[PDB]
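Have a look below at one chain only, the form solved without the RNA, in structure tokens format.
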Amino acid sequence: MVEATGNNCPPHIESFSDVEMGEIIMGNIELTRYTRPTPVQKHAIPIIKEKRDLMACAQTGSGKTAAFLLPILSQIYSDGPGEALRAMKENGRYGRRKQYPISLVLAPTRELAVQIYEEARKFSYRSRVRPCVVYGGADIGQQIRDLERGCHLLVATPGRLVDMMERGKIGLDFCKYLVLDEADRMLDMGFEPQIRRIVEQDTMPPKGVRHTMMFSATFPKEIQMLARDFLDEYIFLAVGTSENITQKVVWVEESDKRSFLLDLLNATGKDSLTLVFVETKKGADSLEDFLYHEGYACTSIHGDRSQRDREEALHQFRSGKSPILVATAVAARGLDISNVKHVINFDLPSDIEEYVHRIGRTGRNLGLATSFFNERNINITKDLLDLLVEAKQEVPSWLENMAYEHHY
């Protein structure tokens, strides 16, 4: 889970439409095919939309890039500087030869800057904002020519940005959004003097005028001290498994799933915790009852359970008194369940996205996900095949077969 702490902290959201980001952003989100905000996004988006400074301890895989880009671009579209007044300000003797970014994102490496820039383009599509990216280790002439086409949003490595500033190619006078991404890694690389020259020693509006966000995977003292210097009345956001997981997919008819489950639980040793996902609340109650009467210590959680029922279930699971948890996915979202050795998709979900999040509960090191598949699940065939192949897992032969069927 995610915790956010500070004075008057805006509450989190559940979906992108919970804040009014406008039609350009919302249409771009549909093109990007994000369906719901990740945990860091759920917190960071309303924080940024409310114009609050943010210190976020979060890493890659978080969705931290869109967590900052979405609300920043949204604000620029909603209430960015007036076009014509701004052109008067930026038009020199030779035309627009120096650019004045509304938003600056600092990043440690060319590879990270480029990723942030590519995500920005996904969200700046059909808007007035042209993002741009500059980085060390590549021809500067080329970058300067590109800046001249427009950077309302500039992504940059710190050394190359200082170079651009010294050359008079970039002005920070109107820069209203500053993001430091992987701030820890930037300090590790010795960029702090460059960052201080960018932020404190030139023309960037000071904290409380500009809006500032910092992201790092770690939070040492030096980062807390940078946050204190750079951030005004900020909120502290702390976020609490990829290929550590063996994935088994087996063909199981509905009337066979309980028996198949028993065999899986019989092969379980130790105190290994098992998470069993089912489709429905009824399904959860019914399966927990079957297991109890079969002599298994298990518990269950779903949406119609009280907060007390839920706390009691988690207590037994976490002590390992009842080392099998039966859950609907909607019920498991948000609660802390880590040391799961085995995730069982007793029923598969309709979307491969939900599949990925479910199996992400095991091996945060060794982990196992076993999924029961039948005719009800034809619709995820190709996406599941793509996922298995990508993770270098065993692909059932019948799955590759079904994947290419044009007759059934």
Given for the second form:
2 protein chains.
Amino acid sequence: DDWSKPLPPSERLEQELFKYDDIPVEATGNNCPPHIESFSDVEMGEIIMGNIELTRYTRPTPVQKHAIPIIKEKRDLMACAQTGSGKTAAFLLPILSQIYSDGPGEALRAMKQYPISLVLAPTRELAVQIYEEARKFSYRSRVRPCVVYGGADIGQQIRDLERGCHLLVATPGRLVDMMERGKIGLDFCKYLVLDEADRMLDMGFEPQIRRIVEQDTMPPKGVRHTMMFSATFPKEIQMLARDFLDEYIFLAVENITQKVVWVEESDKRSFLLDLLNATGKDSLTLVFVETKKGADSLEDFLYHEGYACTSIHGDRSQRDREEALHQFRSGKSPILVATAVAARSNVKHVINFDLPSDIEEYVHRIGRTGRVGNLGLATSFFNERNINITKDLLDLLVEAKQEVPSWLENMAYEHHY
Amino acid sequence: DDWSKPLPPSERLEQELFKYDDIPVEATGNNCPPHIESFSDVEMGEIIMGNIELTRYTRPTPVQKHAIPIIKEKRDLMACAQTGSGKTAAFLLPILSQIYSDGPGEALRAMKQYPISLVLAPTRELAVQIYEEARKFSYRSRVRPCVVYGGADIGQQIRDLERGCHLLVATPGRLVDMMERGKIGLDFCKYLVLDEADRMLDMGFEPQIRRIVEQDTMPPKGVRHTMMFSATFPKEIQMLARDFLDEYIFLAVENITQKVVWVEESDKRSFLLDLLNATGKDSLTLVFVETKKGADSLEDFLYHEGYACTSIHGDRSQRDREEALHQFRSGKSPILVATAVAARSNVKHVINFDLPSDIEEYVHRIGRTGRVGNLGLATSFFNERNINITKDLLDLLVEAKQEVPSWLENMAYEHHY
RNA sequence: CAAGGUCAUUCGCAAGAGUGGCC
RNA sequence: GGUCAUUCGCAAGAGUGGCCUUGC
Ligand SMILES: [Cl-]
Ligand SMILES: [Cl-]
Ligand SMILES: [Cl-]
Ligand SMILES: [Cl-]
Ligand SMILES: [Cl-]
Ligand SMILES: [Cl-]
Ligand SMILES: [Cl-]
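Given the form solved without the RNA above, what does the protein look like in the form solved in complex with the RNA?
The complete assembly is shown below, putting the previous chain first.
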């Protein structure tokens, strides 16, 4: 009855089983656990780490970087995250990891089915999707996932439950039916997550959810560990979160024309001058560069060429920074040269004089333009010093439905394949 | 009382804690388990895999690649391996891995000290060395190693034991002393390894070893798991192995002048012709090349230049191979051109026309010369295509006390550092 | 003094390419 | 055909190193 010990392998089973808008992400709450950079930063045990290998799962998605460490400290979570941010692994990994570590508990040890974990989904296509990922992370484990949803044969689902159910995925209406039929009890449900809670509300599932969570045998908030996921955060969702969550963490996650052009290092100042000379009366331009001395040298160059500009970087005093922000937003010096210091308001044009080394700085940078309904332009200079970001920038431009330079996908092929 | 679960970390403790002759290696026995290429191919659990990370052990030494899989399948082992082959990790990792997996057993649960594992060493230099390696692999575990040796204060060792001892490292004379004093009992010793058994015999420790292993409470062979390590294998060691081991696996692991020279690809045939033209009357030369058609094209070249040579590679029939070995061994065609097919007798000169991609194939190749008391010569041609083996070949030449080309250690610096 | 990113190398993992060897 | 091993490109993890960027 050790649940941290992996079962004997099975290769037949093995082969059967085996976006960018969400990168500005902030979690706020009491003693919020800091976000991780890799699945290695949390110790989720042999089975979980094993099955992570088998999925070929590489790095944690932005939501996974913040959700996973929150879940592992058994803190409730209200997460506003969209379809495609890696929500499923974000809660399935730490929950199962804890289930392996603790085992089934003396109630189910000295023993209808009692799932230790209940995942509620609005639709059949998402319930099955969550279920399929649960089997991949429960492979070679004694934890058996099940899935239960309306619109299909209830007789076959009943037959699957009786083969054992410790993690249950379900749609609200079909789960209510299984408890009236006395096939499921929630008396030992220590983990409850609600996926796409907004859609679950939109589809009219609140009475079933309140019946599942409040009018029956499920342990209350503070005892059970609760997670809510929803793409939008209207007040209806906030009131359900205050009803269902306890001392929780709030986690929150392209009207911009993006142009990438090839510019050799010795041509960058000339290319910049041409972009500035085509800039309107009082449009503000944000010029991002790599190094503090780069920002210093470039502001002097622009001054000697007759452009009213200013500068800001990490070694600037808070006073020097305020002076630059004054001249910039008064329009007197409408060009601001900055390092990463100014990646994290109403800027019309962001120029990546130097592209950054990682795709996340690129997101933060272009996020200073094209704000709240305005039109924004982001122009980036690219050469051989930037192949380290070829593949991630190409993937981003494709997702953003931006024009992709034909030579850029050619260099992604030639370097990565 | 779960021993697979890691303890809370400890920062202070962490930084407190954190050859090439041995690579022709063969294990023979009944259903001998196959050798591994990485520590990952055997599942030694969270704690072990953890602490391997923390020591930064990257790959298994040749002895480890064969010993570890043998130990994990609970097979006795007689290993002829020298100090410096990674013996300690070879038995410490799988033994501790199993102890974590099984725990202490229901005997020690309901409870002088009873070590589950006893390591016997000839000297305190090796006892302390093994003990320090055991602490690195038992960090954050509930398994406590101890070390006990003559020549030091027995009073301090006694008080270390009663803080708990599950893995005991000891010298024979000081151990028997502890069991006469009733401080150590062997009634639960399921793992026994004897390190440098030859030296232990040389130093006169057989009566103590026979008293420890045969005349007291240690479980007999076939019940306990026994491993013997010794640098030499005289018949005295073999008789001790037949008394102490049960259905065991036998594991067995610089009179060659080695020259490395820079040869561009278009110059190799010219360089080879000069080596052949300086070859004695009835000396046999082995010329190793990379590809089968490389071997074909080179035997044709040597033929059209008037050299009696022959060839062998993987796509040659057993008949074609015997014909080539006939002309080679008779002296009629004293040059044999071969791929790796002939790396694994009385060869005077081995020429690595093409250096191999891995350092293991290199030694197997040079092992065909300088055998049975004969000064052998090994000539290797090197260029840009062989930088992948720069550091392994440089390290090997240094250990072999061979002359190192000054340009070779310079290219190791510029590529790896 | 803390964080993070990139680059070199070492190392385990997958996909891919090339080559070698075994039946 | 089927198995195995090595190397190289890339993806991702850990350490060393170098470089750079931030916070105080
Ligand atoms: Cl439903
Ligand atoms: Cl339950
Ligand atoms: Cl200031
Ligand atoms: Cl050793
Ligand atoms: Cl002694
Ligand atoms: Cl014992
Ligand atoms: Cl034949």
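Between two forms, the rigid core is defined as the largest C-alpha subset superposing within 1.5 Å. Numbering follows the first chain given and starts at 1.
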- [ ] Superpose on the rigid core, then report which one of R126, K221, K321, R145 has a CA displacement of at least 2 angstroms between the two forms.
- [x] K321
Task: Rigid core superposition, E30 Cα moves 2 angstroms or more between the two forms - done: no
- [ ] Align on the rigid core first; then say whether the Cα of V395 has moved by at least 2 Å between the two forms.
- [x] yes
Open item on the list: Taking the rigid core as the reference frame, tell me whether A297 has a CA displacement of 2 angstroms or more between the two forms.
Closed with: yes
TODO: Enter the rigid core superposed C-alpha shift of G61 between the two forms, rounded to one decimal in Å.
DONE: 1.3
